[PDB]
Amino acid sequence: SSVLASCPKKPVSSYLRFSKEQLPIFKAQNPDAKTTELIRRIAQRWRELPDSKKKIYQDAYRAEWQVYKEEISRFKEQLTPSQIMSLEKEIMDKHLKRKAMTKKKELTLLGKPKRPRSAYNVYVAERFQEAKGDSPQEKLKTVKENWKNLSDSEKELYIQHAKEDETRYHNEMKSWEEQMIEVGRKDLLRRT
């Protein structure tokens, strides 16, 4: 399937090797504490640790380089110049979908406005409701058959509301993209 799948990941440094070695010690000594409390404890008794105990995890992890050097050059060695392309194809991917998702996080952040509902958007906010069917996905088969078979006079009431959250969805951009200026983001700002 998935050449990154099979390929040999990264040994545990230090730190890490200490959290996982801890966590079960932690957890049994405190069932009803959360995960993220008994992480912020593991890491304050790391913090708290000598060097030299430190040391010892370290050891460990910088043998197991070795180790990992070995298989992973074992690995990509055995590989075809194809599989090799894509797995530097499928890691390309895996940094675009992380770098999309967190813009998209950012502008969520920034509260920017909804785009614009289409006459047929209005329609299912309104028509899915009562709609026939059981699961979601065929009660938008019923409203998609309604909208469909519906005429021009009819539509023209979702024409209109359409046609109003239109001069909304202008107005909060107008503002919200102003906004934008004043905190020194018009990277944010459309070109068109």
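Positions refer to the first chain, counted from 1. What changes on going to the form deposited in another entry:
- Of the candidates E164, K69, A43, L107, only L107 lies at a hinge (point where C-alphas switch from fitting one rigid part better to fitting the other better) between these two forms.
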Given for the second form:
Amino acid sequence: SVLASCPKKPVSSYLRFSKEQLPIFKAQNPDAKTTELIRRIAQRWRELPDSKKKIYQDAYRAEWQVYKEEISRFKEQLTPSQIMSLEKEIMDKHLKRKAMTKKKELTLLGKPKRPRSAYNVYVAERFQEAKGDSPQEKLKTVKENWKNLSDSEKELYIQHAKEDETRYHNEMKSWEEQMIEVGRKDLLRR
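Next up, the form deposited in another entry, please; the one we just looked at was the form deposited in one PDB entry.
Shown next is a single chain and nothing more.
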């Protein structure tokens, strides 16, 4: 917003080199994947004489000195609550990434999904047949019926809840053993 205007850190010499080289390379090699071209460019980097590298190096060092000056000038023109909301935007960012990363890894270790509630299993069935525009509305409809149902009409759902509760228990046990075997006691409950 105002922090979106925060000066960015310069990227390093290999990154510069690559950024410039990609374009040249893709133009000489239309039928190729980026990943490949990148591998190719990295090799070029390795190959490049130190005296040449040193050129990009100096570019980066001087570009860092600009960042130094830039960031501090930036901070002065900000209020203290601003200075803080900045630092928080950074932390929040980093934590979201950490979050995403652990969530990917669990899914890739096929970690059992949590027990679905009495209400969950109802929604998973009475959503196709539901009035409304967005999902917001298609939901309030199913919500209204939830209040309007009674004990007898909630059996085969609360039954499947109680079943899924035992599915969870079993699946969680298979998975936690699996994990112990794979050297990861750390992903265990408690």
